[PDB]
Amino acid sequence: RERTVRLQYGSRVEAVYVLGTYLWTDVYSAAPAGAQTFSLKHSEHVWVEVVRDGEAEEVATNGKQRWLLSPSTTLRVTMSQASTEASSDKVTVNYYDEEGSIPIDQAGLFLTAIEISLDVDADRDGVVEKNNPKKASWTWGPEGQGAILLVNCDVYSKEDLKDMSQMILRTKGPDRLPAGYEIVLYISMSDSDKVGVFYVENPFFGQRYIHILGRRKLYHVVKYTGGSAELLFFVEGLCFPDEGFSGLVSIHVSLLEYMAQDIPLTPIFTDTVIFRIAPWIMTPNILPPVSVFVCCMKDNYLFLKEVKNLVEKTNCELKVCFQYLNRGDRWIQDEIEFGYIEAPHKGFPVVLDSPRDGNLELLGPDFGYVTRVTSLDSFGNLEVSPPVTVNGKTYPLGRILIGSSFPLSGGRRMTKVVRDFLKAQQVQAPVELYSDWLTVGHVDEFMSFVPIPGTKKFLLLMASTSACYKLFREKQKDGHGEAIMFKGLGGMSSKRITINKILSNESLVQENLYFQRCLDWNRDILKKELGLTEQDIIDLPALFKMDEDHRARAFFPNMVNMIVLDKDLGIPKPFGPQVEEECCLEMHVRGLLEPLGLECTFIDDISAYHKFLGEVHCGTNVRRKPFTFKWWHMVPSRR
């Protein structure tokens, strides 16, 4: 960076020189009228070149050389080290007329060199490197650079700032700035609701960190100390990327020069750092489970016992929650979504919370919390796929899946606010599916993903009505038509539901053929958008009843919405027709899954209610370890 500094004759110009720049200096304007040639002297640590018509020659500290005065003959002035108290850094230009060799006048330039660098961890290793040449830009990918900021998801203490990003103003120079200069850190009005910055303003009086930049504070004057100094700042993100906010914010430092009263100060030098605020990332079922969270009524004893036994097979911890006045019976599934954020050498799980009636809970200090309508707004209507590659395009964090209706249908859709939020995170490249054929309208009623044990691969599990009808027709042919559904649920008994009764219900057959079309439309989108083939899919038997809106509700519990802990699957107990004292649905599902090394445990969430009307009264959710792949190494498509 070249900076213009002009001389003034019979006089002196004093300037601050910032290392990393150089000055170009007009000597011709300060020349007295009638002056013909000039000569110059300079101090030891100032380097001076005479540049005439583009050609630069180095000039000695004291030579007697003279050059013709011309507007196209200028000086270039460079300094490689900061001034100290021992410095006298200067350049002196002498002017001559034709008549003689004694100077007729002189113009000086007195310099104070300082180093000023606003530094951040741009190379993404957790340490703040000195003046990364790329710190003012932010690029994606394995070779990408620029600093990363976490949203704060939770006078100040340093301990409380542990989650924030460090930013360091590094300076070097003499005891004080020359008269009429100051250093100011600042942000734009636009970024003021995106960031905050903390600093100890008065270190002689204690360690108190104060909030110096953010809402209503756009600039802060920072004190200069001499010698080699560092000022430590902590920076927080205030919000995630969203529809109108890309995630990028900038912070500037400027050396300002006082001109006079009533006139703005001149920005002599400006240094800039950029941060990207880390996106919220959802964890698919293939990631290692850490904790299992469940909610149910206190007396659903079978559910609790069976979930405990499942979790005991694993190294996971179980967290049990009961029901709240402000939340649905499924809230741990519907109102909470587990995700994470990550920065170099920092990261934590972050829960999205959308309470049904609003907030009046939380499990643990380890989590960050982001707190916010149709049933499509539920987090039961959100899933995320395992990492996939689709037609050469890699989605290393997987893709978020959101249930919706057909574009021209006039049906329900998840609120734009949430859809836009998920899209703005960019790294999970969301896909809309079709959930609106379901009364409740959640993708988790029809699909799930499971890892294939001993491999790096996974399966898509799809609810299938065709599979249920095939199985029931086989069992009927085998002489089992009188086999009864819902054994042990006393509130169902009077209905006497048998395989025969189901198969003879003509309207129900038609309804379920239609629901199979709905499932298949989704199957196709999933195969297209996830790059899946038929070998990646297993169909689980399912059955639905139709409501007045022509929408589906489960006839028996949807087995697809299951607890996935690696090889171990907690599967809703279906209460299917008993053949030889085993549920034919359980046996069929075992026959599909067990050969793949998956271990099935059926979990009874309905016995405590004595019947099943299509609604499940419990919920589960799993906190998982984040992906090994660092999100900033992705190269998302440009928008």
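Numbering follows the first chain given and starts at 1. Between two forms, the rigid core is the largest collection of C-alphas that superpose within 1.5 Å. First, how it differs from the form deposited in another entry.
- Of the candidates 450, 200, 281, 546, the Cα that moves 2 angstroms or more after core superposition between the two forms belongs to 200 alone.
- The Cα shift for residue 160 between the two forms, taken after rigid core superposition, is 2 angstroms or larger.
- Superposition on the rigid core between the two forms places the CA atom of residue 366 2 Å or more away from its counterpart.
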The other form holds:
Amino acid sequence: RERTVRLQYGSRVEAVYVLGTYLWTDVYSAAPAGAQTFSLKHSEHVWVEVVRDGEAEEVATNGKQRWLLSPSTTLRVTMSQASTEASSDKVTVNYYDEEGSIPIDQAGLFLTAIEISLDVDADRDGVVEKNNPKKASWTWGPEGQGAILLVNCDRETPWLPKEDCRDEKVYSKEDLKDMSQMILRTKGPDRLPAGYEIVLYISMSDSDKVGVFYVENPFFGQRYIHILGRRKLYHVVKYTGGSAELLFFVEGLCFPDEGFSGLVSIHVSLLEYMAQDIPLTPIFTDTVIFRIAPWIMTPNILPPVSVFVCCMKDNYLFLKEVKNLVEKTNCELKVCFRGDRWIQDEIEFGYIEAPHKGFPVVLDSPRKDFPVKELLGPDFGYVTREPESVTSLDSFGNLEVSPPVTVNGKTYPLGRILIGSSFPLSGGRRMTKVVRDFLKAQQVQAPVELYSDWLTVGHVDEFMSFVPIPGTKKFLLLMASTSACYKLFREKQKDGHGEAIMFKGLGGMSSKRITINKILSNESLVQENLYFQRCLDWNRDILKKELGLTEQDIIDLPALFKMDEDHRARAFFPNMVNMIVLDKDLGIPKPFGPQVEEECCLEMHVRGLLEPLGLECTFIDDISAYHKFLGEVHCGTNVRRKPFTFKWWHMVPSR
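Let's compare: the form deposited in one PDB entry is above, so bring in the form deposited in another entry.
Here we give the lone chain, stripped of any partners or molecules.
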């Protein structure tokens, strides 16, 4: 940048020069009236060019050369190194009139060069490079640049309830590891010249998006000063001479959302004191941008780490069988004895990542009159959105995400978020706008709405799931299918099994004596399920379109529903599609289907679909402890997974 500095008639001008700029200097205005020509001298480390109407000529430190005084004849002044105490950096201009070669007057510019750079890791390698020329912009993609900031939503110490970003204080040194580094690098003499100061600042708007800390090491121990953030928009910096660095730590206070893109900026300015009651003049300003990292969901294809399970203390079979399942894997089991399903419905495990750090972050379902904060801890973060009135579609059983897909040649390397909804003109239920807006604003999972509102509870996880295909990079969509169930039952009936009984061993179902015959004869139930199959098929088509799937990528699992007064579906027998996926190993809800040759024909049918693909099936009984099944499951599971290997910032989301 070129900066304007005029010589003053006829008084000396003293100026700070900031490296990486240069000055254009008017010598004409300072010339006494009548003066004809000028000459100049300058010191060793000041470079001076005479520019006569666009044409620039370098000038020696002490020459005798003279030029005609003209408004279009000016100086360009450059310095390549900061001043020291040994410095006298100056330019002096002499003026002459027509008669005689002795100067009639002189004007001069005394300069103090300093280096000022606000530096961040914009090349995203975790170390803070010196003055990245792109540090003031933020670009997506493999070739993209600009610095990344985490929302500091975890909690370092248990003694306080709230996440670390809720206040202006830092207690634990460990907190700083969650934070991005920003360094103010300076070089100069012992002191700034009289009337200058260096100031860091942010906008009022960004003041609830960030906080910035300085670490001091005084006598009695380390301390962390919050210098920018809520109710602090600027901070006057103490200047140290020589080559100096001030290290700052930056935290994000909130995720991208409706009305907040995720971009924030921090400035440093050299300000010049003019006089009392006059604002200070920014002489030089340097800017860095951060993008706050989005919250990202993990699909079922990612490696499992921890299986979280909730259930009543005495459901023994569930616990034994889940423990057995997880023992086949390298996962940890965590058990808790909020709704009965709350672990599945009230929380979603995502993560956040920056080049320096990442941790899992729990999303909490909208209020359940009380928030679930109990999982908040070190490197396990929390976030929530508070509405609009909440419906069953706001539960996170209604929130899932696909494996990475490519659609019409557009790649979605993090998969796509899926949420159940109702038809546009239906006047049906829909997830609250506040949560939908949140998921959309994260941008990197490009959410798709499915149709879940034909279900009483209304959750996409009632009808669909994804599983990896072992020994490959591929995956399958699993879809509930009533037609598969009817086909299977009609076969078994034809085979002479019509009297085969379901719900065997559930004592509270026994008096119903439900058989294949009894099911197939129920005419209204047949019509209800043909209609439910239309709802499933409408979803199938959306998924195929928005995920770029073919029929080869889909397996249909038999399912059956009963209709309520709102013409919405609830499971007739447990929905097998909502299953625990740990790589090749699948916990599948035990269906309690008709027994043929002392095996459940639904279990055998599901094994016949999945086992040839190398998937290993374990059926998990969560209903026996209740003696019957009315369409509700009383247990829940949630799997916490490793983040994607692909870095979110390498994605290029649509405008």
